[PDB]
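Asks: Residues per chain, in single letters:
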Amino acid sequence: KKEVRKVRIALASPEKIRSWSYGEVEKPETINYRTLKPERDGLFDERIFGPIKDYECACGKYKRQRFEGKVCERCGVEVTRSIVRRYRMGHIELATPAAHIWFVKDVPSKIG
Amino acid sequence: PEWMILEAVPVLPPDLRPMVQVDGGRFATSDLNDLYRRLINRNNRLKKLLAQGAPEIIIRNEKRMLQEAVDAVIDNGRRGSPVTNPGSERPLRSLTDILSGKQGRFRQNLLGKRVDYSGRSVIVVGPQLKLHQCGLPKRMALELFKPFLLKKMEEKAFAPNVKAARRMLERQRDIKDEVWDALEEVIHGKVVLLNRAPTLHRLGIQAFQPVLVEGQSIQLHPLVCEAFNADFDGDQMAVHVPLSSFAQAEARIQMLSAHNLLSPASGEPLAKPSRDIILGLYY
Amino acid sequence: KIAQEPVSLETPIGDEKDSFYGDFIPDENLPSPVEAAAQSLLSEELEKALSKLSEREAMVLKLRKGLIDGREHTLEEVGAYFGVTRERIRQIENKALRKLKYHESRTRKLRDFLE
Amino acid sequence: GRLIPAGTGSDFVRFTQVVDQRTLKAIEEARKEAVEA
Amino acid sequence: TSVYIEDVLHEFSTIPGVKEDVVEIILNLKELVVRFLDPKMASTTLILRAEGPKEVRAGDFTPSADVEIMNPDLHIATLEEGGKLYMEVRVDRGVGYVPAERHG
Amino acid sequence: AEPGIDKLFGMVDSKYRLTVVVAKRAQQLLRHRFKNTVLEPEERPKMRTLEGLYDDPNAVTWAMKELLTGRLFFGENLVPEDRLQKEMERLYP
Amino acid sequence: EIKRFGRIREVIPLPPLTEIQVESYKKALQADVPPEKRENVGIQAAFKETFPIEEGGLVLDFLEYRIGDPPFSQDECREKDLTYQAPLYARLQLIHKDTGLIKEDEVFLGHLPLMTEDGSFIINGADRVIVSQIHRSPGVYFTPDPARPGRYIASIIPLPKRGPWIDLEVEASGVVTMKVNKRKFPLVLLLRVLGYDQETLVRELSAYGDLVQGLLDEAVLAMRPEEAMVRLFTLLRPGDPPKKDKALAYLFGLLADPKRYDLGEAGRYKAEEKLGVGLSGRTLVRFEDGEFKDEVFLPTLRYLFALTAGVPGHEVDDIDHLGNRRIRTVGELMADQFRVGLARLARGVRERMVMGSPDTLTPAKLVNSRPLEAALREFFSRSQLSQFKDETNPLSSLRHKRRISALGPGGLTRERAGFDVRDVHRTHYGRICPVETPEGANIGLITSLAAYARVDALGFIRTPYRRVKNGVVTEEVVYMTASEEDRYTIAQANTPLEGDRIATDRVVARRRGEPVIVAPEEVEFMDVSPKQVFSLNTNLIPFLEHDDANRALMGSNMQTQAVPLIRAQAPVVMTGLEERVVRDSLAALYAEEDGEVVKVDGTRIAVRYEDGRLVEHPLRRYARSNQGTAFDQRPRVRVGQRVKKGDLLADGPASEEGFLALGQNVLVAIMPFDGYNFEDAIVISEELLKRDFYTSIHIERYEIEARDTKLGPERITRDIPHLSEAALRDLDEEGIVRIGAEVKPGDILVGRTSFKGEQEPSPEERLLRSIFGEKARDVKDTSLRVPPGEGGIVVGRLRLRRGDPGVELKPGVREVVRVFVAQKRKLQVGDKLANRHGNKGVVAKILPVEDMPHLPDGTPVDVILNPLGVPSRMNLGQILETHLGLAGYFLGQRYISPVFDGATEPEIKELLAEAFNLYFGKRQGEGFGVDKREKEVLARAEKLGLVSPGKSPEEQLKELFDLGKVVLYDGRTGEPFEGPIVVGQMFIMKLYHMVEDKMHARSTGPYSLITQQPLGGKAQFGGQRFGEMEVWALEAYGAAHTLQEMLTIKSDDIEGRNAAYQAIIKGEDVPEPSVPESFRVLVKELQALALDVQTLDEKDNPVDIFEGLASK
Amino acid sequence: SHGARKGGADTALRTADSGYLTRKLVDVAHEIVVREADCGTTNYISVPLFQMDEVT
RNA sequence: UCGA
DNA sequence: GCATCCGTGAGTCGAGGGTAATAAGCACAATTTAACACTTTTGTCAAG
DNA sequence: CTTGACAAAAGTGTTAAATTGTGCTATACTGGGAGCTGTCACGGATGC
Ligand SMILES: [Mg+2]
Ligand SMILES: [Zn+2]
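Chains as they are written, first to last, in the entry's author numbering: chain A, 2 to 113; chain B, 509 to 791; chain C, 324 to 438; chain D, 1469 to 1505; chain E, 54 to 157; chain F, 2 to 94; chain G, 2 to 56, 62 to 1118; chain H, 1074 to 1129.
Warning: the hint list may mix true and false statements.
Taking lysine-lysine and the DSSO-like style, the derived pairs with C-alpha atoms no more than 27 Å apart in a straight line are [stated by the list, open to error]:
id, chain 1, residue 1, chain 2, residue 2
1, A, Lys64, G, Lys786
2, A, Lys38, G, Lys816
3, F, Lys25, G, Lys1072
4, C, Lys418, G, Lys109
5, A, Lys38, G, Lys1118
6, C, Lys324, A, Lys28
7, B, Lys638, F, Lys87
8, G, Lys786, C, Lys340
9, C, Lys340, H, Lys1097
10, A, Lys106, B, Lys638
11, C, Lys424, G, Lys816
12, E, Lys83, G, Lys1024
13, B, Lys610, C, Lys340
14, C, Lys340, G, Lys167
15, B, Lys660, C, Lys432
16, B, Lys660, F, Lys8
Keep in mind that the hints were calculated from the coordinates and are not lab data.
My request is simple: use the sequences and hints to build the entire structure.
Replies: Laid out in structure tokens, this is it:
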């Protein structure tokens, strides 16, 4: 709805990454070897990144576009287009805060 | 500046780092997934033995491992031996690995791209062609212009609607004369771009009028063959079709091989008598 | 079969160091440009062929197949708001169905979409 | 993936207008329609 | 125009007791001149039965009305001992050169 | 080539301006399906086909031949873009 | 008939070409060699070195290995997709040191792929091949100092990975340092453990004068080996505390250990003779009595100081020199992987010994498959030297096996390739072909073994040279390596042989590669035949001396691209080497003894030999290959007749009668024709298509797999829910296409039925299902349909279902069906064509037989090439091929003109003279005379001075004829050409590339999963890629919406291609795109790096490019 | 063949360096487009038609 | 690893 | 300042062919999922 | 279109059968390991 003539690149604060994040992926799993469904906290989890099928909720209680955007009460997924799994990012909270290696090993090291 | 030391590590969406099974019952996945996996693993184990009150040595070492894991996710191989899947030499491609590089998201998936409505083939001499004309193989041209031909089959009877003509063209290639003429009904007046790699001079791409002709070979005018650097030893040339009337306007006007004559480099003529022509006109 | 592990998309190819793996994998989980106009054409032509039915039965059909609220309506429900019995709704949609079956055999517009 | 700053997408030539006589005089007449409004 | 053998599914598959393969014989099949004595005859069919250790030829076909061969010495295929062959062709009159791929 | 291309290049300063003109005009010709044309019957560009000779369906060529007469008008910020589409899609279906 | 030119006769025939594959693989095999007398090198070398295994303690010792019979024949391994291999049963013994428990039980190792007769392995059912490798041989070397303008630098190198490069360069402060694996240290602290102390160093060091002090240091010359052993250990590896035993168990390995240090036999031997010393093992030093010895550093320092003392006989040797470079043969590489695999297994034994039950364990429990079998499986499949065999024709493979590459593992890479490796050294000569090599970035990187070139077991290549004693040719032929050759002075095969003695007093000869005129006295050697200086394909080019190196290279390289033709004919003028070619290629069936043909039977050619027993040879007729090119053997023998041993029976795809035939001999006319031959293009007579000339036959494999899905299993049947009856036609019963059927693109070869993953139909789709009442069954149609651009009949069908005998199918997969689809491709418009002389082109507008530039006899020309390409390319070989062919068409005899030996202008002109004398004879004899048009041409031909004036038109057309030029009448008009046109028989080849394959295009289709861009290439059925420079070009034209569309609408844009497609379908103008997709992907990717990237508008306010998706 | 094939390799490498210079030329001068009809500057340079032949 |  | 070390590149489109490999083991609690007995709707039929 | 009688489809509750997660083994075991070379030009940080 607006012309974009400008693009800025800047540093992202931890709070900003928190804002982007729909959840913290904890379980270092992909999918169960049987169900092939995204694991609970797994990196593919639908409960955060969104549904694999368009508007079809994970557990399957909500299906069509009728109810839209409303998070279900079972799996906790949102009912929306499956496209979201492309644009929706998570986060991992580190116990000991680490450093972005770019600024460390950059030729004119910025921290240094 | 303290943002440079990061607490919460951003995680790329599933479809950006996909895992999907192909035909044959296989499974395929991105390396970024494995990287993230080891990262979060070390992180959780860390938190576990940390809050547990384990000895400082193991804790510290785990912190170090967390740092190098984070680095493995950010830029892999930037420090020390790059992390590789067990048994295999190939390093895991991380974020920075994807961004930068010859095949990086810019030089590969941005500054150039694979496009629809296009194809290519071997080239053959154009002695009957006049300049802006180019031989375009029937077969190639039909499937190339399919979205247009569908409309011209919509207007011109024979099948009731789009889907009809579609299925008519797909299965059972009858290619009734009706479609050979209808194709030309949507063709004439519009020109397609012809490209010869390498593209060095801008003249490496020139607008040419499609002419439906037999054979699977593409006919090109002998004069502009000099500009393209092309010959026929079996050289191959690309064909693209401008869609919107705007792009078609640009094509027919300033991209036309007939409308570009002099060399944009030296200002002198580009396509002139060459080889045979010179020989005869001399003789 | 379960023993084997997934294969990286960063897998090289033959003599060429440049050639990757995942660039060979198509996206079938997203509608193809042809499928968009396909479903569009279906949803359109169907609506055109729907208008030849009684104001009730035509509505009842799309209420039954979920072209309205996106959900199936049991005969009980379709008859509840119409005041009619379930059996009535049943006969209604049957009759309407075959009354469509008359026009379709003629126009041959929707005789496509046969997969 | 936007319109290239150069070429026909140049801000110099991209604001060009095109009108045919009859329509031009239609909108030309539409001007005096607002003077009584 | 066209040919048929009972032992042959295509221009490749080998016939027992025949040195020449199918398309190798077909190479010499179109080299056969057959004159139509009948001006009104647009079609015909030639019949051949050759068994045992004999070398077949053009003059070995089944002679019929309104057809004759100007080169009976044209070699079709060699047949060894025990090799048996049944062949039938179909001949039409036309103009110029029409490739096999172009005609059904 | 396209007949009158030298003249067309001569009609405007930048060739790109010409391209923009032809593009927009062809667009307009597609919108109303040739019923907005400034061309008379003998002026109508015609494509010859075995079935019959009809008006050339290509809109770009139509725009070319159109501006060739100069019966059209062009320039930067000529008229408000607002009313430009209001009385355009009005006059023709 | 036939005819041959040239004086020089090869005194030796070309030894079998396949040997370097098979024979050198044999030495590493020793299959029929008894377990006793085995050579100990190759297979046993990788064996004996990996034994014994020692670490209450145990020693595992080696005995022997059994060569297993092949589990399946070479044929069956293909159909089954199984590697062609055989069980290797290893014999060893488990010996308890202290317990005195001796338990000997023979065990099993794994399967080792064997080699066929032609020297091609079969891996995964598709036969592949292993190319030879090239690297400078091991040993020690001496080069001038790169930095220092002064004295020189020595070096010591082992086999690849078999030890560190040991370098020593005298630093100039006047002192000396030694560099091995990026580090610095004087020689002064080295020899302490080598048995040389302060005094032992300075003794004969003074023989070189000023170089003594180079090695002296008073700090380290005090201390003794055990004290200074840890000294260097704190330097090269400061990754752990400098313990005294830690320098004992570490540095020992880098030298004294025969395993982790193995210096090649060639290296040990050559360095032994070049240092004027001797060496015991393959190590640098010996480990004995707790200290170390030195057999290496002492002689290498001796020679370094020698050369730097300027003493004659000690000098710098060239690096790229072929005497300093060896070849890695197939067997050598085989052992090279075998040893490392066996080492991984050697440590597979270690940890196996330290657990379980140390009391009684048979060697059966101590031995494993994996650390070897996987190491062998990793090699043949994924090694850069092992790849798809070239089956495009027999000569294709025959040459492919003889190629030498400096690339691959152990070799070099394109990034490091310099003019040194790319150049042809002065000593190349008859060892390596100076011309044949790729025209790409691989120039000089991949060469071919020269004709008479042979590689011994040491890797050094040598060429046959006949010795000569006082101008007398000795019948003794010698194989001399590069240095060996460099000693003597070698004459030329073209030297004036007077009948076994030298004739003229000026003899062409060289030394080291330096051409000199040499007296009949000083000449000690001469090369057998000039043919040895060139490889196979290069040697297959007649009049090679008249073609530029470039075009010759191109032609010889193109002979590999050759495809078999059904009617294919042997060349009129050939070098005469085509005989041995089809033989050593083993593509043809000859007589093993002196027999008689009992029956022809183009399946079974049966011959009873002199020994009385009948041996029949079956035929492979009409079978596939790697390139699709059909392999066909046409029996040339009558129902009965006598056959001597070695005489040909069947034929081969490229073979006519036993002569290599690539393309066909046709009639070429050199003249520009209506601009159609413009820029090396080619026009062809339509009369070719009628005569089935240049018509080939190609087959293709199509396979399909039905597995068991999670949703449910799959099966191969004829039943499909929605299918139309007409398509099921050619499928007999089980749902497969039957033999000899007609399959057009889009038709189903093999039906597959798979239960669809579901969900439900959309409301509109569901109602549509209600109208017709048609139920969509669970299972749907996965059937494999023949891809577009290809199709034809079916010569064969291969059915393999799991649970069947002899076939083990991959886990979770039920059925696999593989159809062979063959097509007869006739020469088309735009198809690649070439001759042996390096002249390329495609087919431009085949012209009707009606209009052709024919001759007086009314016989039209087959091709009409364009002369323009000739003077630029400087290939006159095609001119002479045409000239000889012109005579060959009449005289009816072929010709043999060997490379740098053969026909000359007077001889050829004589042939044309005879040919004309007969031709004009038939003319006047048939009741004719000189044509008025002929006069019309002869006039102007006389005016320009082409023919001598005053002579009758007989003599004029004669003088014109032998020139190669004749009178030509234009078929279009019928009036002749204003000047004469050289014509004749040229051998022309139809190259691989064809339009039927290379053609392609797309509207809408597959898109990548990562980004929404299509998939480049014909396979995926995608669209072309728009390069960065194409983009640049579009920017240069200043076409905004063209480039914009390229970057969005037709490439990655989500709704761009969709709304566009709908706009075109509805007859509208496509709207303007919004989001590139992959740009957004780029954005989120950046966000993963914690880069905050915002799109502002004009005012610096954020705009959502994700269209309200991730907003949260 | 000694120097010939060498020349082949020469052209081979230089054709690779060609893109090396090209793409960088593009990446620098890319933003250059004709904007103003006239920049309106008095600034200029001359172009000597005569070149000095050294040592002559 | 070939085609241009 | 002057030698050395680390970092970054290096040409364009295609054509193909593609995928190897696991030495801990057992007992039991915790859920999860397939099994199954019987309920409430839903769809269909006959006659009105 | 309506009223009642019924088969089949779909529901709902409890249970049998799998699948999955957790724990412990007490003779004494106390610092890994694999290495790989035949670039090349340049630009900046770092060290003499
Ligand atoms: Mg070319
Ligand atoms: Zn839910």
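Asks: Hint by hint, note whether the structure agrees.
Replies: Results of checking the hints against the structure:
no., hint, result
1, A:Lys64 - G:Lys786, "24 Å, holds"
2, A:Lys38 - G:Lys816, "25 Å, holds"
3, F:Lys25 - G:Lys1072, "20 Å, holds"
4, C:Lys418 - G:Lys109, "90 Å, violated"
5, A:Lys38 - G:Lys1118, "24 Å, holds"
6, C:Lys324 - A:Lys28, "24 Å, holds"
7, B:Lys638 - F:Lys87, "44 Å, violated"
8, G:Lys786 - C:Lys340, "39 Å, violated"
9, C:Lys340 - H:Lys1097, "24 Å, holds"
10, A:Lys106 - B:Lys638, "60 Å, violated"
11, C:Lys424 - G:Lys816, "49 Å, violated"
12, E:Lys83 - G:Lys1024, "37 Å, violated"
13, B:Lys610 - C:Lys340, "12 Å, holds"
14, C:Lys340 - G:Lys167, "22 Å, holds"
15, B:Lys660 - C:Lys432, "17 Å, holds"
16, B:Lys660 - F:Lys8, "33 Å, violated"
Going down the numbered hints, you'll see the structure goes against 4, 7, 8, 10, 11, 12 and 16, while the others check out.
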